[PDB]
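First, one chain by itself in structure tokens, the form deposited without the partner chain.
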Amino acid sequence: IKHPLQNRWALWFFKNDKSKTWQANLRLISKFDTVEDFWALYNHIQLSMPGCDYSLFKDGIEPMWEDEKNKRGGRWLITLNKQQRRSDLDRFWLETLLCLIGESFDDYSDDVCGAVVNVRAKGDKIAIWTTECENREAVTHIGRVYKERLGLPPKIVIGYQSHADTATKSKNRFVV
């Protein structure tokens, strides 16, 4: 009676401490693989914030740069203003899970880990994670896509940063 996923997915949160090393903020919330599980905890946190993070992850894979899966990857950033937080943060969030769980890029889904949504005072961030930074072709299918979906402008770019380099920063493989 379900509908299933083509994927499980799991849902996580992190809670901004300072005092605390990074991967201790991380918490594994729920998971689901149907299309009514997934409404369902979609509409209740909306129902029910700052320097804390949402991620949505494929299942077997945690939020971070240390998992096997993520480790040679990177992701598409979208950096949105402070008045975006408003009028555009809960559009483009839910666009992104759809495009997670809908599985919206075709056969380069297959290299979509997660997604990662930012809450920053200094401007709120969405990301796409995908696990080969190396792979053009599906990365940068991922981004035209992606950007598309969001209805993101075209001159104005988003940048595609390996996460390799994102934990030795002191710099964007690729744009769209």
Contents of the next structure:
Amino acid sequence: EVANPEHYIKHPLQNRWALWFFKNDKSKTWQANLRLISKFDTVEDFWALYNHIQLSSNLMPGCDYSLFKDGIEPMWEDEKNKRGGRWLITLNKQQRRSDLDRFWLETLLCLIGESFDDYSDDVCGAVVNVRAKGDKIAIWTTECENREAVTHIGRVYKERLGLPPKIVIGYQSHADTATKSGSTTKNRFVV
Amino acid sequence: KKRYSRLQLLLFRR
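What I would like now is the form deposited with the partner chain bound, since the data block earlier showed the form deposited without the partner chain; can you produce it?
Full assembly next; the chain just shown is listed first.
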């Protein structure tokens, strides 16, 4: 006989994930400001990471956390992001207090838990942008023309965040965001 | 495939 694995194994995740930090430093390039923190592939290792790092609401203005599948960089130019897009959550200055950290943790748990049913493989990662003008959280998916997957991911995410039907969230392709005239980008989808 | 509910993830923090 051997030991019962239930008693001592860490609980593996479907994917290895990488947490990244973007430091707002205008004296350096974007590339120099984006660094890996670390990677993990079990539930226990996720919590060891999350438990020791600052909440998003305590980061300096202009900084980001990103959690992406191992081997996908948190930039739209990556092979797995270039044809993709994001479900965008915009927060006002009051939601910094009431919602930012709860929403970001919920987002992490959606990712690591593979919460998108048959469409989990379309998910690349998520980003939280801590900004004076208003915070943002987004789930990034790999193909903006996978209508079924994108719509499914949106509904799941909306309901996991606990947003009421009244609240509307939008999906924007990275290409559209990159080429947008003016402040607002058109939504390919809404839920 | 490995799927965890939200509940399960929180429980494994303890």
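Under this definition, the rigid core comprises the largest set of C-alpha atoms superposing within 1.5 Å between the forms. Positions refer to the first chain, counted from 1.
Participant: Taking the rigid core as reference, does the Cα of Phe13 move 2 Å or more between these two forms?
Facilitator: No; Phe13 is a residue whose C-alpha shifts by less than 2 Å between these two forms when the cores are overlaid.
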